[PDB]
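With the hints as constraints, model all of the structure from the sequences given.
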Amino acid sequence: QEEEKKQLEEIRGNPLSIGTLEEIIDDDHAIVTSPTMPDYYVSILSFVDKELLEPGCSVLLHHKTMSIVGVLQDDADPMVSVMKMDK
Amino acid sequence: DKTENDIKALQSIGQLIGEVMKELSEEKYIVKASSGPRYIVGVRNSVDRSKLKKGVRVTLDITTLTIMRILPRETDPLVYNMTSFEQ
Amino acid sequence: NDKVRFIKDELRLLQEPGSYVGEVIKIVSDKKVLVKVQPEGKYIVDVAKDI
Amino acid sequence: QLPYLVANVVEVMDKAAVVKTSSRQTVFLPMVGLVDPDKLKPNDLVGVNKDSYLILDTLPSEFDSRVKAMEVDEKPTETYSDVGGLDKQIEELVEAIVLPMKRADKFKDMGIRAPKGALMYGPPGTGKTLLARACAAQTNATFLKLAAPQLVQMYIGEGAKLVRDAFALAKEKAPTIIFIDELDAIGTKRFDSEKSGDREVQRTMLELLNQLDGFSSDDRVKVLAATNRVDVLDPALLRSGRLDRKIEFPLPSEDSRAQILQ
Amino acid sequence: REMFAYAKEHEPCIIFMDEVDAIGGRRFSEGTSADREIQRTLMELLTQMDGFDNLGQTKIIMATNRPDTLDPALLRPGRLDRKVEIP
Amino acid sequence: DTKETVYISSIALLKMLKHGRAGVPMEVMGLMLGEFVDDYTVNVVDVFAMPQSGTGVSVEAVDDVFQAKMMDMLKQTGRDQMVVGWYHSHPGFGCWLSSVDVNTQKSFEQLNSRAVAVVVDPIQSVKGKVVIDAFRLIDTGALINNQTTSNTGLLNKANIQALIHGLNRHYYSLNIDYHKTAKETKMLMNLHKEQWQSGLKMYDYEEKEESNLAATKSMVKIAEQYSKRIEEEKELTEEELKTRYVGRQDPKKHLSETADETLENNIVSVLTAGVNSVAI
Amino acid sequence: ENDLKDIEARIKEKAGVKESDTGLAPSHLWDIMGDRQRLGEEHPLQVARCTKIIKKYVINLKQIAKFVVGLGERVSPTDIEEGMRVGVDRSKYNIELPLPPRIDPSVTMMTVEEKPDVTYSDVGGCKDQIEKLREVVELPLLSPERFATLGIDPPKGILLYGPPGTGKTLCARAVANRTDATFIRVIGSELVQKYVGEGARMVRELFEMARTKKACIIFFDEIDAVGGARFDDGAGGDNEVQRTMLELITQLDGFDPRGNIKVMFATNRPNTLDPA
Amino acid sequence: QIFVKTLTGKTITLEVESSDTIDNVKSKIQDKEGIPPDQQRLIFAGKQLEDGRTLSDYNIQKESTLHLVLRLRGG
Ligand SMILES: Nc1ncnc2c1ncn2[C@@H]1O[C@H](COP(=O)(O)OP(=O)(O)OP(=O)(O)O)[C@@H](O)[C@H]1O
Ligand SMILES: Nc1ncnc2c1ncn2[C@@H]1O[C@H](COP(=O)(O)OP(=O)(O)OP(=O)(O)O)[C@@H](O)[C@H]1O
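Going line by line, the protein sequences match chains A, B, C, D, E, F, G and H. This note's numbering applies: residue 1 is where the first sequence begins, and numbers increase by one. This note's numbering applies: residue 1001 is where the second sequence begins, and numbers increase by one. This note's numbering applies: residue 2001 is where the third sequence begins, and numbers increase by one. This note's numbering applies: residue 3001 is where the fourth sequence begins, and numbers increase by one. This note's numbering applies: residue 4001 is where the fifth sequence begins, and numbers increase by one. This note's numbering applies: residue 5001 is where the sixth sequence begins, and numbers increase by one. This note's numbering applies: residue 6001 is where the seventh sequence begins, and numbers increase by one. This note's numbering applies: residue 7001 is where the eighth sequence begins, and numbers increase by one.
Hints should not be assumed to be uniformly reliable.
Stated by the list, open to error - Dumping the calculated DSBU-like pairs for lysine-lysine here, alpha-carbon to alpha-carbon at most 30 Å: (1) B:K1051 with B:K1022; (2) F:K5193 with C:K2008; (3) A:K87 with C:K2008; (4) D:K3075 with G:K6213.
It should be emphasised that the hints constitute simulated quantities derived from the structure, not laboratory data.
As structure tokens, this is what we get:
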């Protein structure tokens, strides 16, 4: 709460865009596809569990510059998240 | 005179093309660009407000969007061609 | 005086920018949510003082 | 400067200039006497600035890698002895292809209204695609290929530019031959609509026609085609002049059955 | 409209135009606002030919194969009044 | 190191806009002339333009002599003094600096340790809210080593990377002022002096009556609905006497705003006549 | 009873919220190399692919916007050629870096890597029909010395049809076990995307990667979806899917892009599908 | 020695002779003013000093006058 959460919002902007990726390279070099923008050649910041992600995944992109910063668990779809039971 | 001609043209940057829906006053017309929108504009001093009516093709600047010049006769001789000897 | 206040307040902020519209998917932990702009893609955001 | 883009002209008022840039941004344009405007014509592409759209430098027609690929080796090795039956149809065919490639004087002395291409209709398995593997071999000319759906593509200007390239490329590198394997895709009919997916398809066909009716029987191309169907496709292709000569590839008679097995 | 104005000031003159069954398109087959071209292109045709006054310095011809496929929303009653088959 | 006014001569500014706007959309760059003072009034005198290859986002100075061949051509008149800074333009994008700007600005400061950059944004620069601003870089070397005096005045709340980046490396952002004198403001306002004909031109009447018995027609309909709008108005609450009637064209004002007006422009039309009568 | 819900959601206004995305414990001090890695000579690029190298360097962006550009420090004449994926700046569009051709995710989401468990000894004693099956698949890959020397070019394509509950898919998940080469599990749901001429693009790339590889084979399933018949209707709302399958049949039999790749199908409606 | 002026009007004077290499000269202002010579433009009477034709063919006498210029780029 004193050091970790004080740094991320320092480099992670307030808006973190979202997208996908079609291919990856080791050493923090990767690629993105997305609807609003064209593709990109992009680096990584090395706190994402780098040996996790995969093609077809979803991502957390810094806004001013593109940069793969984090990844979400599922972000599958809303309607499937409706049909489940809560009550 | 050639090398002095061309610079006399390069300052005259390009324009944008539209078309009219209707008319409202000599101070305000309506247009419809060739890339979607239906702007509202004004008009320069020189061109006759008479000739400006519906159907016409038009040209104007990029920032202020003020109409200046007209080009009729949307030629397409592959489309039609006269037969004067038919007279 | 309060007349000229309004119009001088109002005119101050028609110069103000636009404002978009979108819908919620879920909420990230706190001071962090996500939105899809209804024509277009996603944008994590922050929030303001009030909400 | 170097970073600039490409466009395509459409007209010249009166010097003057107009364009249709690649970004879908038309411009009317006061006169650029930079390049000699009489040194170009409509649809003759040109360079142009990024902010002040003005003609800056012409440039050639650079074709796409997905078209040059369709240029072919002579990997086909199938002589007309490898095929049975069909002594007629191949006899009828080659009286449209190599002789106009070599011995067109028998036409040109008469100057008759010459043929431009062919068509090979009939059912699955009569030797359609095979025969084109053969004719590309025996003749001492080039040869080209394109499945039809190789043409259609997502983006709204991806197809038509592709086809204007090939025929243009074939007017280059001439004399040439074209092969269109499954014409049943594009050539169906007029599927009337305003949607995207319904227009971009047929608008390719509208280019193909203008390409057929753009050249003459002097330049030595010769197109053909193929299909499993004729009760499905648009007769405008069958109009007199474009694809006139036809071949009703039948099923084989019982004598032909003896050749094929041997 | 340019095809008529050009035709006007070169009065008298005749028109000819084939494949006329293409203006129909949807022919308002669904009334969606995507076929405005296939709709209006019939409109401007009709409004203009009504504007002749039928004085005797401009006349019009049309043709196709499928008059049963024609669009009698107009061109039936009084515009293309005389219908003429051929052997 | 604060409280630094930056006076500007009005002959300087409007040259900054005109060449700063004529090149639009592509941006544009020139120079400033002036003279430093002890610390506070880093004035400005006059400007000019280096030749250049302008884009919408980038530009350099092509020739490296037209700024040197001209100062030496100026001192024959000596109408100005030496150089003090340089400007540039961001045509529609906001007022700030970029990594290119500093690299060139970082030369001027070490060359001369108070030189200044200037930024302008003519597109959104309407007849009111100009947005011009100037800047002096810092020594971030001096920062990590780690100033106000009883007044600061004005700070910004916009231009994000002039608002969160506008301090950590950009500059000790710094106000401006204008040296509008009497000797020039006289020659300045000489546009709006209409004419000596421009106060007794009794213009045509054929719109006047077409406005007079047109205006009264437009009076009644708002009056006789204000005649409606006083029916009892004591209905269901004190706020219900107010908030059930939104301000959708509040009537009584709307007639008064034209009552006075048609009076105010007719009273001139009558008076002006009798005065014009005694032209003879 | 109507007080509980007041107290129950009263808990929802007590805890707060919690969510995470990623992170790491041991190398918790990542954040000294990041910022120095950020603004340096590791800007992003905006990809494209060339079309011509005129003795400059035309390009075509993904979206239709074509430029003509130059270089910085990257080698102009030699390393580059036509074709490849590349790197372009975001500001003024110079070339800086190549990178290889595109490999769509989906087809690599479509390859199988972990081998299932069944065998032809777990099948339900349909002893003959397997023999017609494997004789297509594996013997031309293990014992071609028989088929070739005697003088027969083996077949390169099967089809399976029978009523349900009968084990059409069983014998096919089996052979992947005894493959001795790769296998593919084509998901028919990815060939019908709602952008024209797209699914066909996925078909041909499905094979460009195949013949790259050696001795691939393929398992469709329920091709009644894709290999349906043809017709002409001015509604014809199956118009598009027809244009996909033509990416297939033109690719299976014409001008031999094929080497050694075999095919496998499956159905419950073998009458409707097109004769081709 | 030699004189050098600026666009500001400031003067700097250097200790050199007719044997001077522009790649060595350009380092001299960097010795004092701290300028990479990429941002440099020296002038002698309208003739920009090309780095190739070293000063031996420029008549750089004693107490001669030059003019320094900084490059300008923005965006
Ligand atoms: N008349 C023939 N002579 C020799 N071989 C033949 C003949 N007819 C069919 N074949 C055999 O059939 C195959 C060629 O079939 P063909 O190229 O006609 O298919 P197709 O009708 O083109 O299919 P599609 O029409 O769907 O493209 C070859 O393998 C060839 O051995
Ligand atoms: N011959 C068999 N021996 C043992 N089990 C079998 C046999 N045939 C079918 N099964 C059972 O049926 C299942 C698969 O049946 P099958 O392969 O016929 O499905 P399918 O025909 O592909 O289904 P669909 O027709 O809907 O595609 C297996 O899980 C297995 O339990």
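**Report entry** Hints breached by this structure
**Finding:** 3
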